[PDB]
Amino acid sequence: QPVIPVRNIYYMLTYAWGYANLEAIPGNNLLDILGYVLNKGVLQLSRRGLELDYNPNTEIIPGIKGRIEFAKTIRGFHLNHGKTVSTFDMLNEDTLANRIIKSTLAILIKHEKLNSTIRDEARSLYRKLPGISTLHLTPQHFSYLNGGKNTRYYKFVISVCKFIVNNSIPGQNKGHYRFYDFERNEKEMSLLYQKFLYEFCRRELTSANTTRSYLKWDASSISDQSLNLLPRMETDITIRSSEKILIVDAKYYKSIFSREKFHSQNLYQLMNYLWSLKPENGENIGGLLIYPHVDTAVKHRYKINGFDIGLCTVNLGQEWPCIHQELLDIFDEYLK
Amino acid sequence: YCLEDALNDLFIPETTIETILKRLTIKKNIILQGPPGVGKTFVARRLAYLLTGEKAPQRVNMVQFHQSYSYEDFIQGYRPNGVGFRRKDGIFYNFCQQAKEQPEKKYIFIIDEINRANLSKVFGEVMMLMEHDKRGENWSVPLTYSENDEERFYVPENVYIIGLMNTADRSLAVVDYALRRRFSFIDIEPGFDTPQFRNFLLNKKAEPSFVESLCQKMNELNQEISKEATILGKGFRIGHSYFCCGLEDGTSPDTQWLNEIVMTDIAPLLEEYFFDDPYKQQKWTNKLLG
Amino acid sequence: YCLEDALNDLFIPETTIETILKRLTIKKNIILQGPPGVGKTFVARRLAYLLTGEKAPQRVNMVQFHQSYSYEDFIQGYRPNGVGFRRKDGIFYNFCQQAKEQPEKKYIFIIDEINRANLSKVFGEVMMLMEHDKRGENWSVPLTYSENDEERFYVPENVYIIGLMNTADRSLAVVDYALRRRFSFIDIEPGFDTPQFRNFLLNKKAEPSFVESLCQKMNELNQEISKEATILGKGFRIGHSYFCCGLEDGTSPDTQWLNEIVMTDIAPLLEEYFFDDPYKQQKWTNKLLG
Amino acid sequence: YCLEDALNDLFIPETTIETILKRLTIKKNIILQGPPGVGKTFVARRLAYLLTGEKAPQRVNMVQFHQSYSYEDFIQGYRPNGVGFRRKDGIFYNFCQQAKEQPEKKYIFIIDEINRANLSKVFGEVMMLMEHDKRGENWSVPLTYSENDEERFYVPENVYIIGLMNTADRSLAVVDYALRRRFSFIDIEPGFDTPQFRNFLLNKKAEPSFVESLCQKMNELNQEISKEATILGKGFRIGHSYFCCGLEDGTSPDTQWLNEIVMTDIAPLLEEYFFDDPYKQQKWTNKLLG
Amino acid sequence: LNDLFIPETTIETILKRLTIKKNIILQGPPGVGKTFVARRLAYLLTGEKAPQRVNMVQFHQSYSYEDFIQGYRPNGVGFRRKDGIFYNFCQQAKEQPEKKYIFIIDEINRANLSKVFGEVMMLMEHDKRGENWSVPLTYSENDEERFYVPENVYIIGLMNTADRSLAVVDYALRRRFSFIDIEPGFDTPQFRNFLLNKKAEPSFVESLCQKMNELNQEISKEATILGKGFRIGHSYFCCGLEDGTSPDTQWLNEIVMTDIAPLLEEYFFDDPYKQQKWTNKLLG
Amino acid sequence: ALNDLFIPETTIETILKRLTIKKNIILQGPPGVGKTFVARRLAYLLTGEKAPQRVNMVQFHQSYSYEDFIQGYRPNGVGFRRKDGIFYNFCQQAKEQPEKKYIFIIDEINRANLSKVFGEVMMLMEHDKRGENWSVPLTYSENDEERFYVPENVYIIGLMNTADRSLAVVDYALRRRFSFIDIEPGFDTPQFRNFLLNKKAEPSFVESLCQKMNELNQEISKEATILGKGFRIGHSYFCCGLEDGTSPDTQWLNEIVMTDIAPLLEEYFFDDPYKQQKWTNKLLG
Ligand SMILES: Nc1nc2c(ncn2[C@@H]2O[C@H](COP(=O)(O)OP(=O)(O)NP(=O)(O)O)[C@@H](O)[C@H]2O)c(=O)[nH]1
Ligand SMILES: Nc1nc2c(ncn2[C@@H]2O[C@H](COP(=O)(O)OP(=O)(O)NP(=O)(O)O)[C@@H](O)[C@H]2O)c(=O)[nH]1
Ligand SMILES: Nc1nc2c(ncn2[C@@H]2O[C@H](COP(=O)(O)OP(=O)(O)NP(=O)(O)O)[C@@H](O)[C@H]2O)c(=O)[nH]1
Ligand SMILES: Nc1nc2c(ncn2[C@@H]2O[C@H](COP(=O)(O)OP(=O)(O)O)[C@@H](O)[C@H]2O)c(=O)[nH]1
Ligand SMILES: Nc1nc2c(ncn2[C@@H]2O[C@H](COP(=O)(O)OP(=O)(O)O)[C@@H](O)[C@H]2O)c(=O)[nH]1
Ligand SMILES: [Mg+2]
Ligand SMILES: [Mg+2]
Ligand SMILES: [Mg+2]
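First to last, the sequence lines map onto chains M, A, B, C, D and E.
Those letters in the first sequence? Residues 3 to 21, 28 to 267, 272 to 348, per the deposited numbering, in order.
Using the deposited numbering, read the second sequence as starting at 168 and increasing by one per residue.
Using the deposited numbering, read the third sequence as starting at 168 and increasing by one per residue.
Using the deposited numbering, read the fourth sequence as starting at 168 and increasing by one per residue.
Using the deposited numbering, read the fifth sequence as starting at 174 and increasing by one per residue.
Using the deposited numbering, read the sixth sequence as starting at 173 and increasing by one per residue.
A portion of the hints provided could be inaccurate.
Claimed, not checked - Stretch-level coverage of chain C by chain B, calculated; a stretch enters the list once three of its residues show a Cβ under 8 Å from a Cβ in chain B:
1) 289 to 303
2) 344 to 357
As the list claims (entries may be wrong) - Quick list of the computed label-pair ranges, beta carbon to beta carbon:
3) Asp421/B - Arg254/D: 49 to 57 Å
4) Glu171/B - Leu174/C: 51 to 59 Å
5) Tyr21/M - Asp354/A: 38 to 46 Å
6) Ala340/A - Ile193/B: 32 to 40 Å
Read the hints as simulated data drawn from the structure, not as lab findings.
Note that beta-carbon positions come from the ideal geometry of N, C-alpha and C, so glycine has one too.
Start from the sequences and build out the full structure, keeping to the hints where you can.
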């Protein structure tokens with residue numbers, strides 16, 4: 003039952019989110041790592057300052073504050089008891105972005121399996137935010153915040169808070185929570201991996217141009233121009249440079265972790285992208301298969317149907333900086 | 168007011184209009200719930216004239232709700248004079264008074280953009296009477312601002328209330344409690360895949376193949392939005408009213424006309440919808456241009 | 168007055184201005200969305216002279232939305248008189264009454280920074296009536312604070328509404344998709360590439376080499392801005408207004424002049440824009456200065 | 168008044184002040200941003216008398232923004248005379264009326280802590296008008312509370328706006344990018360390592376060695392803070408104000424005097440700047456003392 | 174200057190800093206006599222025990238500029254502009270320049286100090302006191318009528334360090350105010366002299382300081398969560414012994430359960446066992 | 173009053189010892205503990221003369237504000253007049269009689285924002301700042317001729333309840349100015365058992381029930397997070413129905429379990445009926 007060391011996963015999430029010292033923390037499990045980020049992340053913000061958004065308030069007060077709303081004033085006859093309905097702009101830290109941090113901190117606190125020191129600091133922080141209102145979190149809340157008015161820093165912790173909320177399961181007690189075993193399931197790990205590379209490539213491969221490319225079948229059908237029945241085909245990543253174009257398809261499988273039969277079903281998808289994709293520049297067309305392995309990395313090259321294809325692996329669990337070298341090293345070989 | 172004038176031009180199926188007419192005679196409090204551009208406002212003016220059977224303005228009244236709308240204006244309230252405060256009969260109070268005189272003839276009140284205002288603040292006491300069963304003089308009530316308890320207001324049975332609500336906003340996930348009990352929702356489909364929508368285009372010098380290609384794209388596009396629940400619900404999906412408009416001059420439909428429409432209506436709308444994935448905007452825009 | 172007179176100095180392509188008039192005359196309400204510094208305010212006063220075809224100020228009205236506008240101000244509200252309150256017809260209601268004074272000659276209402284205010288509150292009843300189809304006496308509607316005696320307000324057909332929404336501040340964006348259907352959105356680009364911008368620089372004693380250099384450097388920056396979508400989207404991209412101004416005295420354009428621009432205005436703008444690594448700031452400032 | 172009168176005691180370089188006045192004559196609006204303790208408030212009143220050239224307080228108005236400031240107080244709004252409400256011309260509106268009386272003489276409006284109050288709400292209509300190319304009757308705009316379209320408000324050409332905005336707090340910043348364009352942003356530095364600062368200390372019976380020791384110390388401390396732009400940007404770096412004031416009695420600045428202020432002022436401040444690192448606090452505090 | 178449990182040097186620091194800087198903040202835990210210090214301290218600086226000069230207020234989250242300086246509030250006839258206390262107080266000192274008028278601000282931490290003070294956040298500074306530095310206030314009808322802090326006014330701010338709020342940090346306000354820490358003062362003889370002149374046991378006092386200090390050091394051990402600012406004050410011991418009940422181990426036991434035990438809960442949240450140890454240690 | 177109260181005598185004496193010195197106090201306990209009945213008799217016990225006039229009672233709610241409490245403006249027939257509130261009227265009443273203790277009962281104090289209601293006065297009620305020296309002019313007092321000071325004689329008792337898990341950490345305002353005392357339900361106490369033996373209750377029926385509720389009270393309070401010590405059931409339900417003239421019986425308990433305890437158990441758990449069924453069943457037998 004082998005999986006990636008948990009600390010390394012956090013780096014892939016960071017690139018996955020498009021944006028620290030973990031040596032200190034001794035809790036190997038993910039929630040220990042993730043909580044320390046959020047718990048420290050909030051503290052970094054407070055030094056510079058949390059977001060304060062002017063929330064207009066229309067309320068019944070004993071006097072003129074800002075703009076009086078004449079209609080609500082006369083209609084309710086508030087003038088007679090020395091009151092007006094007046095609109096003014098209170099400055100709070102109670103914004104939707106800020107509320108989400110606090111509600112998640114409760115979740116972090118309630119988790120049964122968590123480092124004691126981590127919970128101690130978090131319980132302090134929950135206390136340190138008296139004005140903010142606790143909330144019952146759903147994805148719909150985070151959906152409203154996709155506008156991204158918040159700073160580049162806030163969007164990081166909110167992504168963390170988004171991750172915890174989605175990966176929270178009740179445990180021994182009705183109140184307390186238990187963390188999901190994220191690593192074990194391939195689908196979410198793969199979707200991380202596929203997004204991890206796409207965001208990784210734009211940052212590091214300044215040399216090449218990186219786009220996910222939608223592809224259309226070469227087909228024509230006598231019945232329909234639409235071709236809805238045909239599978240929708242969108243590249244995982246395409247990394248085009250003037251000298252060579254290249255499509256990569258990457259997926260996380262448990263079977264491949266075993267050093272026997274090999275799982276290469278994804279390759280069936282790949283060839284058809286190469287065929288249906290037609291280059292105007294006509295420099296060359298190449299493909300790459302990259303999977304995560306634990307112990308060691310092996311690269312093979314193939315000339316299958318007039319296409320230059322790579323089967324390759326990376327030894328996640330080695331070390332994160334060396335991994336960065338290994339990922340760039342691979343793309344150098346094939347891209348050229 | 169013959170149905171023949173009313174129902175051909177409409178894109179909505181003759182099946183659904185019947186269902187709409189059933190509930191409206193039965194319940195008298197009806198809400199048409201559909202996205203912008205599906206003719207909610209368009210039908211409601213026609214439906215009123217269908218039911219009455221004649222084109223008369225007096226028997227039909229139309230208003231739009233908004234946050235400023237309040238009880239004091241709608242039903243009864245006090246308006247300042249140069250100095251004094253005079254009580255003033257509001258719309259619904261004045262309108263029902265017209266309805267009392269002629270009980271047999273059906274009367275219609277059309278309330279557009281109902282979700283914007285809290286119904287309780289506007290109707291208030293009258294949400295009790297406004298329900299379909301609790302109508303007629305037996306359930307009469309004296310109003311909040313009535314000088315004496317003797318004066319009473321009851322929503323006569325003849326009036327039917329039509330409310331036009333658009334599920335185009337994220338806030339409406341928390342639908343008001345007041346609407347559901349007293350009003351009966353009816354869903355309006357966008358209705359690209361309809362015979363009558365096509366026939367409107369065909370009469371206006373349109374190729375049959377071009378029209379069907381368009382329907383396949385939009386039906387595909389709206390289906391993509393329907394899949395999501397977190398960011399874009401079913402109600403966000405595109406209406407059929409961008410394409411209807413702009414052909415009055417006689418300018419023939421073509422990709423050129425569609426190209427302006429996509430660039431100036433549906434492309435930025437998708438920019439607002441799909442902020443997080445810019446490429447996803449491009450995927451559709453070229454597809455729609457295609 | 169005519170297109171040639173207006174478009175002498177405008178850096179916007181002729182293509183959009185005709186596209187603008189194509190959508191505006193059919194649809195009667197539009198929005199010009201572009202980053203700050205692209206002449207949104209500049210053209211809009213000029214467009215008023217085109218559609219009327221004559222330079223008269225009375226047929227034009229210009230206002231700006233300050234996130235404190237309300238229905239009491241725009242259309243109908245109650246204002247104090249000396250001791251007691253009175254009803255005051257707002258600006259738009261005053262304008263529409265002028266507009267129906269003569270239907271033949273078109274009337275323009277220009278609303279800068281429409282994006283700011285809560286538009287559902289301001290327009291209220293007008294949100295239905297503004298649209299091209301829903302104009303004229305057929306769609307007469309009674310207002311909120313209207314007199315007990317029935318008086319109804321309809322947007323006349325002649326009126327045209329133009330809005331000017333900047334796309335930099337993301338929060339202040341129209342997400343009321345019911346409302347976004349009334350308006351047509353015309354993106355306005357920064358205007359660097361066009362010669363009509365360049366000719367303006369050349370005529371003021373400028374070397375063509377530096378001019379072509381300037382646009383080359385800027386367009387590189389805007390792509391870096393446009394490529395991101397998380398924080399700095401397509402809309403944030405830098406406008407051309409900075410370079411336009413300050414040369415009237417006879418100051419010739421040179422890197423000495425550009426150096427003042429970049430250090431003083433753009434360089435603060437960039438550090439706020441990115442605010443993650445200073446190195447990226449140092450890169451782009453030096454590129455422009457280099 | 169004259170230029171040289173001001174510069175005697177001013178720690179800021181003259182190069183910056185000439186840069187300030189160059190923009191201010193051009194843009195007509197500027198914002199001076201620096202850490203707390205660098206003389207923003209101090210220069211700003213001086214700068215006005217340079218720009219006008221005459222020491223007239225009647226022509227200068229100086230105000231400090233804060234959360235409890237709105238368009239009603241600033242420009243116009245309805246306020247209580249007593250029993251009866253009235254329209255109250257705000258302070259800025261009154262100032263612009265004064266400027267209109269005397270077009271030749273420059274009138275200056277100094278806004279301290281501009282970054283606090285919601286500028287979009289406070290200025291509102293002015294947000295457009297204040298720009299250098301938009302002043303004059305041609306761009307006249309009717310205000311929210313104006314009786315009719317004819318009553319219109321235009322900023323005079325002469326008015327110059329000066330804004331003072333500390334960068335120590337990231338919470339309150341001028342993120343409104345549209346407004347950022349109107350104001351030309353001039354950063355201000357503490358200016359420890361300048362002749363004018365030293366002459367102030369040296370003239371005050373001070374050791375020449377100690378001064379150079381002190382300037383060398385803080386210059387490094389400021390740069391350490393500026394390095395960690397993620398945590399603390401350059402805007403946070405310590406000002407010279409702590410060292411400036413407190414010597415009016417005649418106390419010579421010995422090493423003991425510096426040791427006294429640091430314990431009371433800089434010591435808790437460093438704890439705040441470096442919450443996580445207790446050792447790092449000790450290093451920099453002890454470095455000054457030793 | 175006799176019954177104060179705080180060092181003479183610190184008050185010597187305070188009076189010079191206050192006279193020079195004209196503003197100070199006394200920041201320390203609850204129970205160190207910040208209010209008694211300020212009240213005593215004002216009387217030293219004035220030189221006379223005058224209560225009319227000294228005015229004290231206790232900020233709270235809802236306090237606003239409408240209450241503090243200027244504001245529109247209703248009279249019997251209708252609405253009017255009502256000059257708040259600080260405008261009213263600064264007028265009072267303005268009438269008499271020579272004497273020193275003092276303003277004490279309790280629970281300063283709670284309110285958004287920028288909001289309350291507003292315009293005076295600039296004016297309060299010692300150099301920016303006078304007619305030249307005047308500004309028109311928000312609600313002032315006319316620009317000509319302005320508000321200026323007088324030179325005589327001195328401001329003393331009392332801050333509780335036991336409620337750290339990660340909401341808004343202002344380093345500009347810190348510039349106006351010179352921050353002075355206050356330690357509880359158990360070690361000081363002056364606190365002991367008070368009890369030893371109240372028929373306390375010589376050993377018992379010595380034991381008490383040992384007990385509390387061991388508690389205080391534990392709290393200051395983890396600076397991030399808790400600190401020297403959180404640590405326990407002494408004031409609880411001052412009150413309740415002037416009836417005539419001399420100190421005894423029974424008396425301490427009353428205070429611990431009555432007073433210290435809730436404090437412990439708040440600090441050592443959801444950790445009863447840690448409370449039991451330190452609670453029981455005190456009884457011994 | 174001493175014999176009738178069910179809480180331990182040591183607690184009753186302790187409260188007066190805290191209250192007399194501190195002058196401000198708050199009782200936090202479960203619903204059905206007789207907090208209001210306690211305070212009234214304790215108020216009368218502190219005065220010793222059983223005068224209801226001295227005591228004045230107030231129930232807070234989120235709408236409750238300074239206009240009601242202290243001073244406010246209410247419409248006249250024409251125009252409007254200043255309308256003195258409870259506490260302003262109450263304290264001026266006690267101002268005449270310094271020796272005589274006057275008590276104020278603030279029920280459900282935690283609901284309201286203490287600041288908003290009290291306002292300026294929130295410092296003046298802190299015992300250190302009391303009397304003539306600490307006079308402050310009030311918000312609506314246009315002239316400076318008269319100032320409001322809470323006199324020494326006044327004592328303030330606040331009734332708070334730990335019933336709801338929705339409640340977050342108590343407001344900082346209260347903790348400073350108030351001393352928190354927790355009231356036990358008091359089933360074990362002799363005073364409650366002697367209140368049923370006087371009504372001819374069976375000792376077995378009496379003794380079992382004390383044991384039976386205690387078993388529930390331990391488990392409901394055993395939960396760390398959602399249901400704490402504060403939740404545990406009080407005795408007030410048991411009083412009502414016995415001394416009116418109807419003798420105790422097992423079926424009388426069965427009515428009472430279904431009446432209040434059975435739904436109450438549902439509200440606290442609100443998850444599993446089986447867990448409710450077991451405990452409710454055990455109460456019956
Ligand atoms: N001719 C014709 N026009 C239609 C049909 N359906 C909708 N429309 C047109 O679409 C335009 C707007 O319709 P409308 O009812 O206002 O949409 P809406 O739901 O009210 N918009 P919103 O939801 O934003 O309020 C009108 O021209 C309307 O007549 C139709 O079936 N036939
Ligand atoms: N002479 C001239 N000036 C132009 C041209 N285009 C833009 N400008 C100038 O650039 C400045 C600002 O234009 P503006 O319309 O206000 O941009 P904006 O988007 O409205 N500004 P904002 O977004 O901040 O409201 C003005 O000086 C304007 O005249 C042009 O083509 N010719
Ligand atoms: N004498 C003298 N004082 C100076 C000089 N430069 C700055 N200061 C002093 O430093 C203090 C503050 O000036 P100020 O502009 O208010 O600093 P600030 O950055 O604006 N502070 P804040 O941002 O908080 O308002 C004053 O004592 C000011 O006189 C100077 O050159 N000479
Ligand atoms: N003699 C003496 N009394 C003190 C001292 N400190 C506090 N007290 C008294 O303790 C009581 C409460 O003080 P308080 O102001 O409420 O504590 P703080 O506000 O947290 O500082 C008052 O009687 C104070 O005068 C002190 O140092 N010496
Ligand atoms: N007779 C008598 N009644 C008591 C005693 N203790 C509590 N009660 C009764 O219980 C009721 C008050 O309970 P309480 O908890 O205050 O109600 P709550 O405020 O709604 O929670 C009244 O009937 C009280 O008289 C008591 O010792 N003797
Ligand atoms: Mg409609
Ligand atoms: Mg503009
Ligand atoms: Mg300043």
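Hints, verified against the model:
no.	hint	in the structure
1	289 to 303	holds (count 8)
2	344 to 357	holds (count 8)
3	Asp421/B - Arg254/D: 49 to 57 Å	holds (55 Å)
4	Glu171/B - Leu174/C: 51 to 59 Å	holds (53 Å)
5	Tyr21/M - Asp354/A: 38 to 46 Å	holds (42 Å)
6	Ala340/A - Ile193/B: 32 to 40 Å	holds (35 Å)
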